[PDB]
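This is what each chain is made of:
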Amino acid sequence: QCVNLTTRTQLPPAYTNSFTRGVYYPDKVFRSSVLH
Amino acid sequence: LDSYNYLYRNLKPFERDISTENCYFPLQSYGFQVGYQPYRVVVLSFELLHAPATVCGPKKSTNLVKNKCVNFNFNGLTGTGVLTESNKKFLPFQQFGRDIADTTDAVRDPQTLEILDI
Amino acid sequence: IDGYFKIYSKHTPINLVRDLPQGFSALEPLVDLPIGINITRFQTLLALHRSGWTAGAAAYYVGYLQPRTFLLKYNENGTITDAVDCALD
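Chains as they are written, first to last, in the UniProt record's numbering: chain B, 14 to 49; chain P, 441 to 443, 449 to 454, 460 to 471, 487 to 498, 503 to 587; chain U, 197 to 247, 257 to 294.
Here chain B stands alone, though its shape is the one from the complex:
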């Protein structure tokens, strides 16, 4: 019960900057006023 959409137009991928976002809490531990 799937449909094949051959109409997709394929082109080389675009690119952009990421800046500095993408940081996540490494562990489920509370830390305060500290460089880790």
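No lab work stands behind these hints: they were computed from the structure.
Ideal Cβ placement from N, Cα and C applies to all residues, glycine included.
Certain hints may be false.
Said to hold, decoys possible - Derived list of chain U stretches under chain B, where covered just means 3 residues or more per stretch with a C-beta under 8 Å from a C-beta of chain B:
(1) 208-222
(2) 229-241
(3) 268-279
Claimed, not checked - Which chain U residues stay away from chain B? Per the calculated CB distances, all over 10 Å, these:
(4) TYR200
(5) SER247
(6) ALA262
Stated by the list, open to error - DSBU-like cross-link-like pairs, simulated, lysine-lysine; straight-line CA separation at most 30 Å:
(7) P:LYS462 to B:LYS41
(8) P:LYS535 to B:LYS41
(9) P:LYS558 to P:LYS537
(10) U:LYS278 to P:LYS557
(11) U:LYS278 to U:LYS202
(12) U:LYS202 to B:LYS41
(13) P:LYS537 to P:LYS557
(14) U:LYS278 to B:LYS41
(15) P:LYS537 to B:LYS41
(16) P:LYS558 to U:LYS202
(17) P:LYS558 to P:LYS535
(18) P:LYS558 to B:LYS41
(19) U:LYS206 to U:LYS278
(20) B:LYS41 to P:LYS528
(21) B:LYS41 to U:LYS206
(22) P:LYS529 to P:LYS557
(23) P:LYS557 to P:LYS535
(24) P:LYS558 to U:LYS278
(25) P:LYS537 to U:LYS206
(26) U:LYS206 to P:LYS558
(27) P:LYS558 to P:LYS529
(28) B:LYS41 to P:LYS557
(29) P:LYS529 to B:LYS41
(30) P:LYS535 to U:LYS206
Assemble chains P and U onto chain B, guided by the hints.
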């Protein structure tokens, strides 16, 4: 309870691979039929303090006390000291906080979820 | 990692029309599902506007994680306010 149903074939630690590839098949069935006695062995692997605790022992809980020197055991996180109120507003995900040199300084206890300061 | 599929997220109202606004924020851990399989390829489900007819808009960015060392300054409130990639420059 056990005496050609088992087979055996480096590999990574804890890895798992069930594959097959002088035409030889890499599988090798054992001739199940006292040094050759088959053993049904099990291994229990644990990951301590990598997450909030999920399984524990049959030890019963106890009511908590503040401003008192006590020997406490917080979900296996043993210690000694005083439990006080703290303005350390934990985000709803993390359980217990740590000071430098990796020591437990704050904890949220079961059955109340309040942020106690050790 | 080792059969645990960890999902992190954070939502932020932004103005910039297409790309990340200049700023910094950290994603919360939410949930870490015990999913014991291997993943090497993936796909994005999308909504298609049927007025078959198709449409979309908005935009989805993808980046690839690598092993790194990071220095993070946890503030008084326990919220990560800044980080440094030890191999950037």
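Each hint tested on the structure:
1. 208-222: As far as the region 208-222 of chain U goes, the hint holds, because 7 residues have Cβ atoms under 8 Å from chain B.
2. 229-241: As far as the region 229-241 of chain U goes, the hint is violated, because 0 residues have Cβ atoms under 8 Å from chain B.
3. 268-279: This one holds; 6 residues, not fewer than the three required, reach chain B with a Cβ under 8 Å.
4. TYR200: holds (12 Å)
5. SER247: Holds, since 16 Å exceeds 10 Å.
6. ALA262: holds (15 Å)
7. P:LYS462 to B:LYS41: Holds, at roughly 27 Å.
8. P:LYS535 to B:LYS41: Within the cut-off at roughly 25 Å; holds.
9. P:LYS558 to P:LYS537: holds (22 Å)
10. U:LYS278 to P:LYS557: holds (16 Å)
11. U:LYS278 to U:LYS202: Status holds; Cα separation ~23 Å.
12. U:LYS202 to B:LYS41: OK: U:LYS202 and B:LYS41 at ~12 Å, within 30 Å.
13. P:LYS537 to P:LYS557: Judged against 30 Å, a Cα distance of about 20 Å means the pair holds.
14. U:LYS278 to B:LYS41: holds (16 Å)
15. P:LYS537 to B:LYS41: holds (28 Å)
16. P:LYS558 to U:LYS202: Distance ~24 Å between P:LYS558 and U:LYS202 Cα, so the pair holds.
17. P:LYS558 to P:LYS535: holds (18 Å)
18. P:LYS558 to B:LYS41: Holds - the C-alpha atoms of B:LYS41 and P:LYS558 are around 14 Å apart, at most 30 Å.
19. U:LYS206 to U:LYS278: holds (19 Å)
20. B:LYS41 to P:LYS528: holds (25 Å)
21. B:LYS41 to U:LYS206: holds (16 Å)
22. P:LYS529 to P:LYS557: holds (28 Å)
23. P:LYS557 to P:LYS535: Satisfied, since the Cα-Cα distance of roughly 16 Å is no more than 30 Å.
24. P:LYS558 to U:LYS278: holds (17 Å)
25. P:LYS537 to U:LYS206: Cα-Cα ~40 Å, so violated.
26. U:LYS206 to P:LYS558: holds (19 Å)
27. P:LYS558 to P:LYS529: holds (28 Å)
28. B:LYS41 to P:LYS557: holds (15 Å)
29. P:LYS529 to B:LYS41: holds (26 Å)
30. P:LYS535 to U:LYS206: violated (36 Å)
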